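Chemist: So the chains spell out like this:
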Amino acid sequence: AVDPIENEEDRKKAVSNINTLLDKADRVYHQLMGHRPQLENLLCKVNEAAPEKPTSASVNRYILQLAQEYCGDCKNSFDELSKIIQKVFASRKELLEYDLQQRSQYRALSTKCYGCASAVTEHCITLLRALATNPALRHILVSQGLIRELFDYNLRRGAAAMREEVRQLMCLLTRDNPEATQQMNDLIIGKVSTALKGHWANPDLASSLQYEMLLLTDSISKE
Amino acid sequence: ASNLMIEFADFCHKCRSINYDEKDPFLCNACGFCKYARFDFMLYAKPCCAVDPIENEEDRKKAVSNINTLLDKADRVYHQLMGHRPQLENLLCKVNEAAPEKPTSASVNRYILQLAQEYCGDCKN
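Residue numbers (the deposited numbering), protein chains in the order written: chain B, 3722 to 3775, 3788 to 3836, 3854 to 3859, 3869 to 3982; chain A, 3637 to 3647, 3684 to 3775, 3788 to 3809.
Because the hints were derived from the structure by calculation, they are not lab data. Hints may contain errors.
Capping the alpha-carbon separation at 27 Å, the derived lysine-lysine pairs in DSS-like fashion look like this [claimed, not checked]:
| # | chain 1 | residue 1 | chain 2 | residue 2 |
| --- | --- | --- | --- | --- |
| 1 | A | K3745 | B | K3808 |
| 2 | B | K3774 | A | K3766 |
| 3 | A | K3718 | A | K3707 |
| 4 | A | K3774 | B | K3871 |
| 5 | A | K3774 | B | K3766 |
| 6 | B | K3820 | B | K3734 |
| 7 | B | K3745 | B | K3826 |
| 8 | B | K3774 | B | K3820 |
Start from the sequences, fold in the hints, and give me the full structure.
Modeler: Encoded structure:
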């Protein structure tokens, strides 16, 4: 928090502190964003995946460098920026309260947040899993074609628990809908065959089929 | 070779082992206390693995026994080494999942560190 603002001198001191905190936060944000280009270069080096000759040191050197950069530098910079932002917000709130004092409805008187979007997705997955129980709702949702969206976008991304929950939800969505089962089987078979076409050409193609196979196994498991 | 004998071909003070036989030897017959001098040695050598020459039929039998024993030990070692394969496969499967998880020396994925320890540590040895 900040000292209460009761006089014009206190308001001026709060304004000066807010300006100084803004400058410090700008510097911290610039420093944090600086690591981004180096992070990109390190990511490029790692994506090369080139074998190299030399157990704590057994890992790829680029991987260790990236871990040190992000977990060590980026985390510290983010923490400092968050602390500065919290202090600035507290000062602004105190100044606004002082100005209002000088001067439902009474109670009334970030968008690009990847974590927030992920939480929204997880909550949506849980809610869909719940709503799946009503068989009529199940048919309605299948008509909405959520199966394709789930397979396409949310199937692979997200946490492992999210992956298992999504597999369960997909299974439940195809509880007894023969047309839906046919559609899902068709999608899985198509992806598998497309991968198998270039099997002799790309090991990664074989590598990137695990989720579909797990989904098929889960579907077969539920009688 | 494995053993050597170096003699001062042409030409106690430490252990007080008075060699009644050799009054003034180059070195003590017991202590090697060399009143004449002290000698240090070094060799531009590389370690070598070999066996003593087999000259008698008894040497042949001893060699056959040693070979059988070495074969048995090697079989045990080979079975042990081949054993690590399934664990490595399971760890590789877990890593291929690439499941995000929450907790920079230890910042890496736990599966990755475990796989590194298994392969680089056990398999190499």
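Chemist: For this structure, which hints from the list above don't hold up?
Modeler: 1, 3 and 8
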